[PDB]
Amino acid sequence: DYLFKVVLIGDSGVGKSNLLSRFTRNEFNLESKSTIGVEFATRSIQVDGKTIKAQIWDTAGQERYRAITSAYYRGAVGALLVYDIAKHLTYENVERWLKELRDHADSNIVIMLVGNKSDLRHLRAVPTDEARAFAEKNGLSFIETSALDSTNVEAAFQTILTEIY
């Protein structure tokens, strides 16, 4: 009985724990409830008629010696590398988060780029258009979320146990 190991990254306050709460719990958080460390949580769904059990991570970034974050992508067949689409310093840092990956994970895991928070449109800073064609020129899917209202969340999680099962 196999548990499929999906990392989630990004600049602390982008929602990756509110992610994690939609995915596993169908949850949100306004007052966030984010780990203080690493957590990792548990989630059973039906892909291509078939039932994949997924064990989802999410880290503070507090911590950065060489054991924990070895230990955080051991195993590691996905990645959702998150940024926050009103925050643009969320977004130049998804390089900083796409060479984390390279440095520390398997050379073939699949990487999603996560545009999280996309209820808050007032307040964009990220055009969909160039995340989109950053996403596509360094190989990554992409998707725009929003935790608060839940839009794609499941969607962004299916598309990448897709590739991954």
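Basically, rigid core = biggest C-alpha set you can superpose within 1.5 Å across the two forms. Numbering follows the first chain given and starts at 1. First, how it differs from the form deposited in another entry.
- Aligning the rigid core between the two forms and inspecting 63, 136, 27, 103, the C-alpha positions shift by 2 Å or more at one residue, which is 63.
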The other form holds:
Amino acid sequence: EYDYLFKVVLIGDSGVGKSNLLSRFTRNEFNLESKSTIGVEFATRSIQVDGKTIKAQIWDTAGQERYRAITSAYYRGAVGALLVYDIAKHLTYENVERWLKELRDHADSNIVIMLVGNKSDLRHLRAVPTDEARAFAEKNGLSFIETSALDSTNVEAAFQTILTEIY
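Following the display of the form deposited in one PDB entry, present the structure of the form deposited in another entry.
Partners and other molecules omitted; one chain follows.
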């Protein structure tokens, strides 16, 4: 069993790497040819943080459309959210404030949000400076981290942090 069951949702533009963050965290798997997520799904992983065993229930869906019939149920009971953008695509970062609004409109007031800049491996193609996003996150009271689902950097740290920050 577990000391805690925490529902966490992944959100962010289509293509930013939400599903691969999920697969990397839960199974240490990455898929270069992954397609846009159809429907809604979740995967679970139990982890030891702060001497407690947390069963993380991580939900996933495509970010092609901000609001759908499933959006309320998707956010319902969620205590954590990874808000993900692609460091190599500035447009996905510009849309972060729009996703933040979707949270504010459909999720619990006390949901813990972690801004995630994914695809840090694409160093040569960076379009979003770290300092820029970190400043935005600070201003908005969000934790911030850069990850790479591809090379695994900070993937566990991101999930560990948010799970930690829910207690």
